[PDB]
Every structure is written in C-alpha cells, then in structure tokens.
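Colleague: Residues per chain, in single letters:
There are 2 protein chains.
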Amino acid sequence: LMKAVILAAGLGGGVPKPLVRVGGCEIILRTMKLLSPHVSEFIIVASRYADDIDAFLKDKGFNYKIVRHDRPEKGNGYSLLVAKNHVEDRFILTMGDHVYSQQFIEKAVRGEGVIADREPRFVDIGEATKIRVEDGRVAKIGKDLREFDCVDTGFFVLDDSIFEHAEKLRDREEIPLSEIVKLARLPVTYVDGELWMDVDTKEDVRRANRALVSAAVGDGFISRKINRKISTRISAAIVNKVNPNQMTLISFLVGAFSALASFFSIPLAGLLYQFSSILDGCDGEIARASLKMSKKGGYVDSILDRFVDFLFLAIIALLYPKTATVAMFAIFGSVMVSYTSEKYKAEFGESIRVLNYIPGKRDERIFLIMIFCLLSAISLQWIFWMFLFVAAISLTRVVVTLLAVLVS
Amino acid sequence: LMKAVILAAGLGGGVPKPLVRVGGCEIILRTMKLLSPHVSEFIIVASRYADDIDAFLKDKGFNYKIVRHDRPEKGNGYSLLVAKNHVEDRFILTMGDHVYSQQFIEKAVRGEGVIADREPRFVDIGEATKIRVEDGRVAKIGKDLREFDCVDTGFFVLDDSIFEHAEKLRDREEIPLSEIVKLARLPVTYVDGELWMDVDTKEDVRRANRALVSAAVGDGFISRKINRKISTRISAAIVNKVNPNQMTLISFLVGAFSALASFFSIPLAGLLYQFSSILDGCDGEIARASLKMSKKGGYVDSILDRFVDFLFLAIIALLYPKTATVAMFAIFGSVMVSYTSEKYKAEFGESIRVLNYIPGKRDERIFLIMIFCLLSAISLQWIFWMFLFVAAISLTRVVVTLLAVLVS
Ligand SMILES: [Mg+2]
Ligand SMILES: [Mg+2]
Numbered sequence: 001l002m003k004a005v006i007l008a009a010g011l012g013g014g015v016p017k018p019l020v021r022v023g024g025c026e027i028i029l030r031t032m033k034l035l036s037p038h039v040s041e042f043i044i045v046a047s048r049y050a051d052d053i054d055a056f057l058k059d060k061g062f063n064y065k066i067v068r069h070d071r072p073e074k075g076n077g078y079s080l081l082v083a084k085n086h087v088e089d090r091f092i093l094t095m096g097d098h099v100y101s102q103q104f105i106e107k108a109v110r111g112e113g114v115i116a117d118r119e120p121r122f123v124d125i126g127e128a129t130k131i132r133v134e135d136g137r138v139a140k141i142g143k144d145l146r147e148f149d150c151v152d153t154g155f156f157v158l159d160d161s162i163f164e165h166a167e168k169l170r171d172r173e174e175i176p177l178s179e180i181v182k183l184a185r186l187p188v189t190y191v192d193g194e195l196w197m198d199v200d201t202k203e204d205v206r207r208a209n210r211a212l213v214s215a216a217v218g219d220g221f222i223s224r225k226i227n228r229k230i231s232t233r234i235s236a237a238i239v240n241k242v243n244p245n246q247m248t249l250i251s252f253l254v255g256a257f258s259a260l261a262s263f264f265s266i267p268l269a270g271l272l273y274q275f276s277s278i279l280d281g282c283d284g285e286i287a288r289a290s291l292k293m294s295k296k297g298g299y300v301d302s303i304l305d306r307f308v309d310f311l312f313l314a315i316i317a318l319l320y321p322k323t324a325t326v327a328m329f330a331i332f333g334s335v336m337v338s339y340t341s342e343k344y345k346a347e348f349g350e351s352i353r354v355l356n357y358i359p360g361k362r363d364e365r366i367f368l369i370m371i372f373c374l375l376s377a378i379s380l381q382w383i384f385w386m387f388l389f390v391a392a393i394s395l396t397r398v399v400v401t402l403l404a405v406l407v408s
Numbered sequence: 001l002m003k004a005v006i007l008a009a010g011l012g013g014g015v016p017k018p019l020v021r022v023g024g025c026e027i028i029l030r031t032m033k034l035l036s037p038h039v040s041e042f043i044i045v046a047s048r049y050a051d052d053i054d055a056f057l058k059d060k061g062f063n064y065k066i067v068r069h070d071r072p073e074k075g076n077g078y079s080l081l082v083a084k085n086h087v088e089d090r091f092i093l094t095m096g097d098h099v100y101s102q103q104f105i106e107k108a109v110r111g112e113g114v115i116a117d118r119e120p121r122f123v124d125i126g127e128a129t130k131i132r133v134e135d136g137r138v139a140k141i142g143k144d145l146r147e148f149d150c151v152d153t154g155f156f157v158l159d160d161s162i163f164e165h166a167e168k169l170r171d172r173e174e175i176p177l178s179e180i181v182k183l184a185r186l187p188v189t190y191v192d193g194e195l196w197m198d199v200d201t202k203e204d205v206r207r208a209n210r211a212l213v214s215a216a217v218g219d220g221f222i223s224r225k226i227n228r229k230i231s232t233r234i235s236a237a238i239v240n241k242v243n244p245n246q247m248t249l250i251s252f253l254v255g256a257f258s259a260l261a262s263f264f265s266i267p268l269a270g271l272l273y274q275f276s277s278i279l280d281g282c283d284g285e286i287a288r289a290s291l292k293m294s295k296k297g298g299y300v301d302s303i304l305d306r307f308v309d310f311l312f313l314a315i316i317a318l319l320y321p322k323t324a325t326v327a328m329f330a331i332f333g334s335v336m337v338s339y340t341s342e343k344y345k346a347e348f349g350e351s352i353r354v355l356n357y358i359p360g361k362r363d364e365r366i367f368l369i370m371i372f373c374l375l376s377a378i379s380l381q382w383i384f385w386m387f388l389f390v391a392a393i394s395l396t397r398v399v400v401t402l403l404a405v406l407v408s
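Chain order of the listed sequences is A and B. Quick note on my numbering: the first sequence kicks off at 1 and runs consecutively. Quick note on my numbering: the second sequence kicks off at 1 and runs consecutively.
Next comes chain A alone, as it looks inside the complex:
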C-alpha cells in the first residue's frame, strides 16, 4: 500500500470545497475513507484553508499531514512540486473537490498514470479535461480538445519520475497540472461509466446526493417495485440534513404513532404503517451513501422494527379481544421471520443462499396489513382474517426456512 496526495488549493457556499458536504459527508473525508485501506499515509496540500482542513481532520483517526504553500494562484502543478519530499516510489494524486464512488476507487488504485473515463455519466462533457490517447499514452490534454478518446477524472497514480518533468516548469508564472501530464507521456488507465464528479454549484451537490443515494440501494416485491422508489427520493433530499441515527428515531416514531393511530380510524393506521415501512429503509440508504454505517445503528433499528410490528398488531387486539387468540400466532410468526434470518447470520456468519418466492418479508407483510386495515372500515370480519393471514405466511416462511437449513 502506497501514499496518497490530495490537492486542495482553490477555489472557494462560503465553505471550502474539500469541506463542502456531499451525501452526508464532506468531499475530502469521503476520499480518505475510501482510499484508507489502500493507503499508508495521506498528504494534503492546502493554502488559505489549511488550518480549517487540519482542524477538521484531527480526530478522524487518519494518518495524515498538511503541506502548506502561500502561492495557490500559480496552478495545480506547483501544488504537486511542493509535495515532492513527502513521497517515495509510487503514490496517488487526487483532487480535493472531486467526489468518487467506492466502485470507482477500487478500479482506480489498481491503475497507473492518468485515470481516464471514456464515457462520463455524471459530469459536463462541455466543461471537462479532455484527453487524446496514442499508444495507451497521453498524446494531448485540455478542456477544449476537439478530438478526445476519454476524459480526465482528476485521479492519478504516479511515481518519482513525475517530478523531473514538473521541475522543468518551476520558473513559470502559472503551472497547470494539465501541461505536466503531456511532458511525462503518462500511461492512460481506463475506468469508464463509474460515479465521479467535481463539485462546484449547490446544484452539483444535489445531483451528487441523488447519485450517491441511488447507488446506495433482502428487498421483497413491495420494496423493489414501490418502497425503494419513494424512499430514495426522500433520502437524497435529506441526505446531508439528517444523520442515520436521527432517521432511525423518526421512522420509529412514525411507526409507533401509526400503531397508536388505531384508537381512531384503523384504516388510517394501516396507511401510516405502510408509510413507516417506506421510511424504515431511509437510515440505511443514508448511512450507506454517507459511509456512516455502524453496527450499533443496525442493531437498534431492528429492535425498534420488531417493537413497532408488535405494537401495531397488539393494539388492534386490545380493542378486539375475540381476535387476540389469533393475534398470538401473527405476533409470534412476525418476530420468528426476523429471528430465523438473524439466528442464521450469527451461527453461519453470513446472510441469505435460498429461494425467495415464499411470502413474506416485512415489506410485503405490512403492505397486506394496510389493505386488510382498509377492508376493516367495511367489515370488522376482515380483521380476524388479517391476523390469520399474517400468521399463515409468517410461520410458513419460518417453517420452510427451518426445513431448508435441516438439509445441508
């Protein structure tokens, strides 16, 4: 594993580009978290906001040091020159204002020289650093190139030979990192159609938010064809406004209130229940997109789910004791569905290695409950059939799952 050099000089909603938050995470922190397993030490080149960037990275638990220079207007190339003494052999060079998906960086750090993209999806083809290739090597570079075989992603894997070509321009007034790439005749590595972009406008942030969240999505039929399409739009909107823990609480409160909502108008309680089901997938989407995933959150979220599922069925039963005997089976089967998956992962170390095709997971189950709650206003006879239906599909899935593991 080598060293990585991140360049932050210019330009500057009042917040410096590396510290601008995209998808519930600041740009420079996202880069470091993804490069971390592949990198021994991080070298940041900062000028005006060096103190701000340094003060931010202190408790992040990363191995880093900031290299300062007070002359940012002489180009991105000079930022590279001043970092010469802090690197050895092979190293990584990336931009502080660029956003990268984990899929991109995995196919990046294995590359060499310039990382190129033959068909950029998320950036402006008009404004982009265009590259023409000859002999798998950079024959040209620029924003205005007429004939180009790929586009610069702002990611580079370089070596000690790059300083020799860089020192050649040391006496220039402005030293664009672009021109340096030409002289060195650098190898072109291809990573195409992945998620990468440069953040400039607050509009770019929103476009990136959607991109990261969309890329962040055991789903069932309802979850696939309905719930995920509603939740991703909500998540992308609140992605840097709300953190995964707050979303866990919100989805729990909505869910709990939906269970309480059966005191007045049960058919309404079912609608709110389905809406809580839609929301329940937001914290995961946010955590995945912000790289904020934590075992503690997954644990708590699952327990609150189990409590909401219960409170909803048990509150109906409190009002209608005739169905309370059937409620037992629905309630028990409801938890056992989750327990079968969870006991598996604890014991075998991995999730589920099976066929779906048997209803039903929480998403489908809740959806039917909503309908049966709607049929309630017509007739109270549909309640009993709800409890029995829930108990039927749950326990069946639980038994088949048990009967499946027996054979191995």
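Warning: the hint list may mix true and false statements.
Since the list gives no way to pick one copy over another, a pair counts as held whenever it fits inside one copy or between any two copies.
Derived BS3-like pairs (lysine-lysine); straight-line CA-CA distance at most 30 Å [claimed, not checked]:
#, residue 1, residue 2
1, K33, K345
2, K58, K296
3, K33, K107
4, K229, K107
5, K33, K229
6, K345, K74
7, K345, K292
8, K295, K345
9, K84, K143
10, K241, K140
11, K322, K3
12, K60, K202
Calculated directly from the structure, the hints in this document are not laboratory data.
Fit chain B with the ligands to the known structure of chain A by using the hints.
Modeller: Same frame as chain A, now just chain B with the ligands:
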C-alpha cells in the same frame, strides 16, 4: 506445524482400543481432531487391526497414512523404529489408547520431549509409568519406581536424535518404549492436573465419559444451581449412545408434549416443561464432549426452543381467552429476549459484555412458569399473573439490553 505419530499395537469389548468409543467419539479420532490444526500429516503404526483403522479413517477428511508391521509383541519401541523414514526434524508421538482433553493437548504440543504430569487426577497412580527427574531431564522411568517426581502421560514431542538411541536396541527381543526414553536423556515437559487417561476397562470408559462431559459445561441461576447438575449426569450416561441431533429431537418432543400436556392437568405440564428445560442443555453437552459441534444443530435447536416456549404459553391461552391479551406480551417478550442476544452476535460478531442481574433467561423464566402452573390448581387467578410476570421480566431485560447497547 509438524507431523504426529500415533502408535496402535495391542492390546484388544472386542473392538480395538483406538476404535473404542469414549464420550461419543472413538479414541484415535478424538486425538487427531485435537492435533489437526497443529499437525501437517498423521502417521499411524498398526499391526493386526491396521485394515480396520484404515477403513475407518478414509472419509474423516484427515491427512494420514498407515505404517504396518506384523511383529507387535516386540514392544512399543519397535513401533517407533519402523516409523523412522516417514518423519523429519521435530514430530509428535502419542498412544492410540489414550484420551486427551483439548486443554491438555494445547499445553502439550508446545512442550518438548516427555510430557509429564506431577499430579494425575484421572488415572491410577498404582498402575502408571512413573518418572524421576534430574536436571529437567529423565533420570529414570518405569511402572514400579519408588521415588518419582511425575507420571508419563503417553504424549511425546521428539526429534531425529531419538532414532539413534532406538536403533541401539534393534536386536532385542522385546523393546519397550520406556527404556528408550532413558538412553536419550529426554527433556521433561510439565502438564499437570489436566484431563488424560488410558482406556482399558468398560469402567474406564464411563469414568472418562463423565470426565469429558463434566469438562464440557450464558447459564442463569436455575441452570447453574439446578439444571446443569441434572443434565450432565444424563449426558454422561447417554454420551456414546445418543448423538447431538437425536438429543435435539428428544428434548423438542418432550417440550412439545409438555405444552400439549395442558389439555389435562396444567400443573403437570409445568413440571414436564421444567424437565424439558433440563434436557435442552444435553445436546450441547454431548456435542462439546464428542467434538461433534455443528452450526446446523445450534440453529435448529434454537428454533425448536422458540416454538416450544410459544406452544406452551399459547396453548394455555387457547383454553383461557381472558388471559390471551396478556399472553401476547408474554409471548412477544419471550422471543425478544432471544432475538436481542442473537441480533447482537450477528451484528457485532460475538456473544454477551454486560451484567446478568436482570431476570430472566429461558432457564429462570421456565422455572417460574412451572411454579405458576402449580399455583394454577389452587386458583386460576395465578395464570393471568404468570403471563404478566413473564411479559414483565422479558420486556424489561429486552429494554435494558437495548438501552445498554445505545451507549457504546
Ligand atoms: Mg430500517
Ligand atoms: Mg438446547
């Protein structure tokens, strides 16, 4: 990791000593399973029953080969001589009729020369190979030694220098492995008070069965002070008669029948329920003692437990619908106790990092249920208070466990 040499020649309930089953596992297989991670290849020296031992080890998935000699009556030393060409450098030498605990072998394979025991617990001090030590070295050996500082465990870690001393006796009629140890002036390694014995009488088998099972035991107060003391005696008795899977089924059937037993005499159903709780710990004891532990068994056993716990509470409720609303909370909390532990292990990778002190785990819970079932015959008013009590301690433990993980 080195090579291990197991000696099986003599002597011979009609079954050859290495194939004699002790603690639900044959002697030679137990040895190999324990040495396996520490050993590259196994070398077995067999004479009369070589085919039988070979035919047995075929599908065991071990790396081994059998070295044959037709002259077993010339002593254990000759068995060592004939294995000279199949080993290199350092190697392990052990007896095919000796039973060893995992605790013993872990402190054995790190040793050198003769493994000695200064205070043998499980063997006959009268009949044992006694060793007198001088300068951490074997100064004497024999069954009849008057002054001895330790006793031979039949386990050895040797090297190429041992054949030179062994070839010295090649022309002898009987070559006891004992005499060879003297000549080589072998280092004495001390492993004291561990579980090891030689199996000769069917009585030795039973004594070993108890020893292995006793050494094979998230227990609560009832489990510690009552249940484990009854279950270990049952397990030790049936240890090589019943396999862990059969015991899982038996404890499930008893449990299920205890739940059905509420149709007639609920106070009886509670007694059978407590007895099923006692039995529920047998499969684990057997699997641990027989080295037969499998993730599949643990999975199935836990699911059947959850079903028995439910069937018991739900069958009472079917007969008494007035308590069916309180039954919901008891049933839900009953499963959630297990779910909280299991979701933890899946998410965090390990078990429970806490304080006990809050009732209650399944063992305590079931015990109280038995009592409340006894109070039922007096008054049916105790039923309701059972369901409520179960729901009270369960959910409380579940909440405190949840509230505990929040802080980390
Ligand atoms: Mg969730
Ligand atoms: Mg068990």
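Colleague: All hints are to be evaluated individually against the structure, with a verdict given for each.
Modeller: Hint-by-hint comparison with the structure:
1. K33 / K345: Both: 27 Å inside a chain and 26 Å across chains, each within 30 Å.
2. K58 / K296: within (24 Å within a copy, 47 Å between copies)
3. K33 / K107: Within one copy only: 16 Å inside, 43 Å across.
4. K229 / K107: Within. Shortest intra-copy distance 29 Å satisfies the 30 Å Cα cut-off; inter-copy 59 Å does not.
5. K33 / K229: Within. Shortest intra-copy distance 28 Å satisfies the 30 Å Cα cut-off; inter-copy 52 Å does not.
6. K345 / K74: Answer is neither: 56 Å inside a copy and 55 Å across each miss the 30 Å cutoff.
7. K345 / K292: Both. Shortest intra-copy (22 Å) and inter-copy (21 Å) distances satisfy the 30 Å Cα cut-off.
8. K295 / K345: both (14 Å within a copy, 11 Å between copies)
9. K84 / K143: within (26 Å within a copy, 76 Å between copies)
10. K241 / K140: Classified as neither; 42 Å inside a copy, 80 Å across copies.
11. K322 / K3: neither (69 Å within a copy, 70 Å between copies)
12. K60 / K202: Answer is within: at 25 Å inside a copy they meet the 30 Å cutoff, but 65 Å across does not.
Going through the hint list in order, the structure does not satisfy hints 6, 10 and 11.
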